[PDB]
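So this first bit is one chain, no partners, the form deposited without the named molecule, shown in structure tokens.
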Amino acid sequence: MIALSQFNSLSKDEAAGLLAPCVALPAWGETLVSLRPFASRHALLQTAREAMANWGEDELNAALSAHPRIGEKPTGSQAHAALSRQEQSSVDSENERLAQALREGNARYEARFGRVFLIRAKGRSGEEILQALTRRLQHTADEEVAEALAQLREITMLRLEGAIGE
């Protein structure tokens, strides 16, 4: 973490770079960077929530362009890969039935909705994710866009909360 006071004093480029791993949407980070200095972490998080209130399918699809699939733990020391592994840490990779069900489930979801299946993985077992995946496969296009965006907002906030301190 970096302290709020430290975040408030950073250059526009360094502050943007710090926020970039939270979500793959430049307009979101740029809005937050330009509203410094923030009165509190409370204020930062509230502003962050408001900045994602108008996200639609266009933002969804753009954000998921390189999002790692559940059951496909990415390699690398970078923030993008490390956060994903950390978030997927409750998925049991050694369960062959589960791993195969996730691969088949991901393939079915992408064929149906045209994007990577997105879930807030933190604290969820592979079974919980698979059940959510199975449930969401029955959604209409518009229902799924809504839940996917809801999950994206959760992930983004958790990452921001992990990035900036009080």
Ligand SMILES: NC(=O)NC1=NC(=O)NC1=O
Second form
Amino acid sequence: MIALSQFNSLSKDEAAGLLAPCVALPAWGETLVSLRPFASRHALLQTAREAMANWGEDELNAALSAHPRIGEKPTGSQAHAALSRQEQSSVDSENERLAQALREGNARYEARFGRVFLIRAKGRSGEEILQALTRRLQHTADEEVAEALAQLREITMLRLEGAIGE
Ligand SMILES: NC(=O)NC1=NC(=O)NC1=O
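Switch over from the form deposited without the named molecule to the form deposited with the named molecule bound, please.
Zooming out: every chain and molecule, the one shown earlier first.
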């Protein structure tokens, strides 16, 4: 976590590099970098929310390139992999029934919608995620695109909030 005044003074490449792990959508980060300096962390976060307001199915698809499946915890030490592992920390990997249910739930979701199941995993157990998956399997395509995008927005914001402090 770096301070706001520090973020405001970074070179364009260093600032974009800092924001890159939040979401695999270069336009989002580029917008934030281009609008520096920010008056406050409050203003930065608000601007960040505004910049994700017009995201659609195309953004969902592009962002999903950097998100592993729930239950498929990455091992890498780099920000992306470390963040995902940390976000899935409430998922019990030792529970064999859960692991199998997650694999089956994922396959079922992917067959239905054509994309990986996306959920803000931070603070959610494997059971909570499974129940969300069961609920979201009943959605129309548009309803599901909307929720998946809402979850993407949450993931991105939490990562941003963890990257830049007051
Ligand atoms: N497929 C996913 O939902 N993946 C993830 N959600 C998170 O919050 N972290 C992930 O890696």
